[PDB]
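Take a look at the letters that make up each chain.
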Amino acid sequence: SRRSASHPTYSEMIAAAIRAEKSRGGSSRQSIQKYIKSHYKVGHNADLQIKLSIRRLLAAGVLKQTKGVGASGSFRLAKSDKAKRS
Amino acid sequence: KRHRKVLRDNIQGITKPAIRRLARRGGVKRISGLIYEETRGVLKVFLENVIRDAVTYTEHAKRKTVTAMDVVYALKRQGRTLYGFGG
Amino acid sequence: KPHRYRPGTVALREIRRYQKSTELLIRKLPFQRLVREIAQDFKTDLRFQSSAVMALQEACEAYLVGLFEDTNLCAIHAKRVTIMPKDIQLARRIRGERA
Amino acid sequence: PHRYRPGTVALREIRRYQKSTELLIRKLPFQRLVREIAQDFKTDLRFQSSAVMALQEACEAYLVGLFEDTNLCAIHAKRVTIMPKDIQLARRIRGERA
Amino acid sequence: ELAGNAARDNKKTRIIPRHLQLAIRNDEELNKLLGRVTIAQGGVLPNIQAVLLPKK
Amino acid sequence: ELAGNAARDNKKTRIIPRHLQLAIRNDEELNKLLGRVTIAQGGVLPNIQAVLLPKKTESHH
DNA sequence: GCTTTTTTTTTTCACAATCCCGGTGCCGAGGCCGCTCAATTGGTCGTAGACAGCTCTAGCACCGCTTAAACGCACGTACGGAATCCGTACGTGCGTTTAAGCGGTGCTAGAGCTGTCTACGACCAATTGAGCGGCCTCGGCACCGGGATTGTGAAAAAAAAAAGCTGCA
DNA sequence: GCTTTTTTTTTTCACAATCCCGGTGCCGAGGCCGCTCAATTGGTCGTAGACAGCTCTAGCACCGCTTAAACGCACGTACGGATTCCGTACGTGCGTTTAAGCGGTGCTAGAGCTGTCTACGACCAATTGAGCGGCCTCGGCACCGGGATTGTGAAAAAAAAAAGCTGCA
Ligand SMILES: [Ca+2]
Ligand SMILES: [Ca+2]
Ligand SMILES: [Ca+2]
Ligand SMILES: [Ca+2]
Ligand SMILES: [Ca+2]
Ligand SMILES: [Ca+2]
Ligand SMILES: [Ca+2]
Ligand SMILES: [Ca+2]
Ligand SMILES: [Ca+2]
Ligand SMILES: [Ca+2]
Ligand SMILES: [K+]
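Protein chains in written order, with the UniProt record's numbering: chain A, 20 to 105; chain B, 17 to 103; chain C, 38 to 136; chain D, 39 to 136; chain E, 65 to 120; chain F, 65 to 125.
For the record, the hints were derived by calculation from the structure and aren't laboratory data. Check each hint, because a few of them may be wrong.
Below, in silico cross-link-like pairs of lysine-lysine (DSSO-like), each with a Cα-Cα straight-line distance of 30 angstroms or less [what the hints assert, rightly or not]:
no., chain 1, residue 1, chain 2, residue 2
1, E, 76, C, 65
2, D, 123, F, 119
3, C, 116, B, 92
4, B, 21, C, 123
5, D, 80, D, 123
6, B, 78, C, 57
7, F, 75, C, 123
8, B, 92, C, 123
9, C, 116, D, 116
10, A, 53, D, 116
11, C, 80, B, 21
12, D, 65, F, 76
13, F, 96, C, 80
14, C, 38, E, 96
15, B, 32, C, 57
16, D, 116, E, 119
17, A, 98, A, 53
18, B, 60, B, 78
19, B, 32, C, 65
20, F, 119, A, 86
21, A, 60, A, 86
22, B, 60, C, 38
23, B, 80, C, 65
24, B, 60, C, 80
25, F, 120, C, 123
26, E, 76, D, 123
27, E, 76, B, 60
28, F, 76, B, 60
29, C, 116, F, 96
30, F, 76, D, 123
31, F, 76, D, 116
32, E, 76, C, 123
Going by beta-carbon spacing under 10 angstroms, a handful of chain C positions derived as facing chain B [what the hints assert, rightly or not]:
no., residue
33, 40
34, 42
35, 49
36, 54
37, 58
38, 62
39, 82
40, 85
Even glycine gets a Cβ: it sits at the ideal position worked out from N, Cα and C.
Use the sequences and the hints to build the structure in full.
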């Protein structure tokens, strides 16, 4: 068993997910969920925790939603141009 | 006297809770509101076909009364053979 | 605080209640009238043996209970739990009762 | 270069085979099957050729009709593809199956 | 034979239609023989599709 | 009568099983009388459920 | 590697329904009677069908060409199906209203039986014409090829929206 | 706004596949022909059932009493179904392989026909015992109340699965 998940914060983990795919349509909720398991340590409540933060990031204005409604769609970061990751 | 038979629209006497019970025996758990009328029409078509044949059996026998055998022979013809009322 | 059963639980209870039993589930006199109504349309001033009316009711309820079983399979086939008239219409079309 | 979209040649075939009346199973294989199935009832049996045709006519009619009923079950589940559960539900409802 | 056993399981001395119906509808062959036959006052076998049951 | 008409529409002198089938299956009533009956060599009536067609209309000469 | 949240259990408690017992009382299973009509016994009489013997149809086994159809494989598009999300349909439970069911009584149509009598249907032998199997001819229809119409899919233009982002009020 | 980036829509293209139309091959529909059988005619004989007349079942109407069920509405949960996204199961198409199909020949099992003979089933009449309706009783079972048992559901408390945040490989 993995005993914890030694990771970053989720607002950063989803923001890190979109930056590693320069797609103009935007990263979907399933594409982000496929990232967070495969390239970081994460929980078993994770997929539900991915869906919950994208409701907090939509309501805050941090993450913009391209096509769709709620946490069933595809999103991207408010500004595409960033300093060093992409 | 002779007491006329008043066509009262009795198909509506086949109540919603009755239709719901039949479906419970049939193992149905949840029921669209559209069901209860669909059923009544399904039931009516059933009753007409059985009763037409039955009454045909009655007429041929030169009787004024539909017997339980008329009904049984009718259901046999319609491929819905019934045990417990003769024959 | 007053006790309430979740939706489905009293329905499941009814299923069990009625599958255990054999009483006719349509109320007798309403049925009996309907039969006579329908019977007028083919012949006027007909009497019935009560066993003839019971034989019809036995036959109807059996057919409908049967049709509900097939209707429930069609509903479940489409990933549902709620029977709807297209279920009934499909059952009867595959049954060859209908065009 | 040229290629039709999936479903287009399928529709074309539907039109083709509903227009015609020829048997669609190949005759000799069909015959071999009949003979084989027959062996589990009585050894060294012979068959009038018309009796085999009569069984093929029947089979093919049975199946074509079953596929019609199968399609409706597929479509009822909001599908375009027939699958074994569609054949099973049809057969269940026809009275063939338990 | 089969109707009687059902009357016994029901703690009843006398066979009644339901016992005949249980006998017939639980026996594979008798059911086929009588697959298009309605037994008055028989009811149905208890059957509730799995999908319709609680998840617990 | 009906099958003869079917053969005539086909520009055919002779009635064949398909002419009998087409007659029977497009007559609501003959179809019911003969609905658990198989006509050797008749085939089936043209029929494609609508959800299986494509939807786009742009037409013929 | 540390609080501080979740989520994931297990628990405890109240509640409603269903199960199971004995008590009770009513009525139909069950069995007995007495008579009837349907099975039985013993007899004749005719023919249905088993049986043997023969004819010859058609079922089978084989063969070797010629190809149409089956097969296997490469490739990607469109489908099936998982998952979210949102609005309300339908289940649950309650108070009020309705009429089914019940037990009874009175009246009478008409189901169902009996006896009579004769029209009609079986059964027959003599009569004969419609429909049978067999066989020949020719016309319809199936093939085939090679020309015209019909839809489909790609690519492009255009239109038209929509998307991303801001000016300016 | 303008421009970027989709999205949609027609146009326009080229282009396969189907349909259509004109000539060639051969098999089976259609009719003619002998001729046997099965339909017809005209007769006799026996009972099936139409009919009338009578019995008395049971189907129909009506009542008013209780209370079980049906009805209508308040309330919210969990269901259906729209939308949206992803992975690969399928459909298309090509080239290679396979064995169906066809036409012909050769052999004989066994389908089916005929004639003969008698074992068997129809028919009858007389005899008598099984199974009928009617009737009577007494124990199974339907219905009841009360208490035990079971399952469901809400809220609480404990266990273990994760959150971001702490310095840092
Ligand atoms: Ca009682
Ligand atoms: Ca007793
Ligand atoms: Ca899939
Ligand atoms: Ca879909
Ligand atoms: Ca009379
Ligand atoms: Ca007469
Ligand atoms: Ca001929
Ligand atoms: Ca005559
Ligand atoms: Ca008589
Ligand atoms: Ca008795
Ligand atoms: K043969």
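Problem set entry | Broken hints, by number | Checked against the structure, the hints that fail are numbers 3, 4, 5, 6, 7, 14, 22, 26, 27, 28, 29, 30, 31, 32, 33 and 34, while the rest are satisfied.
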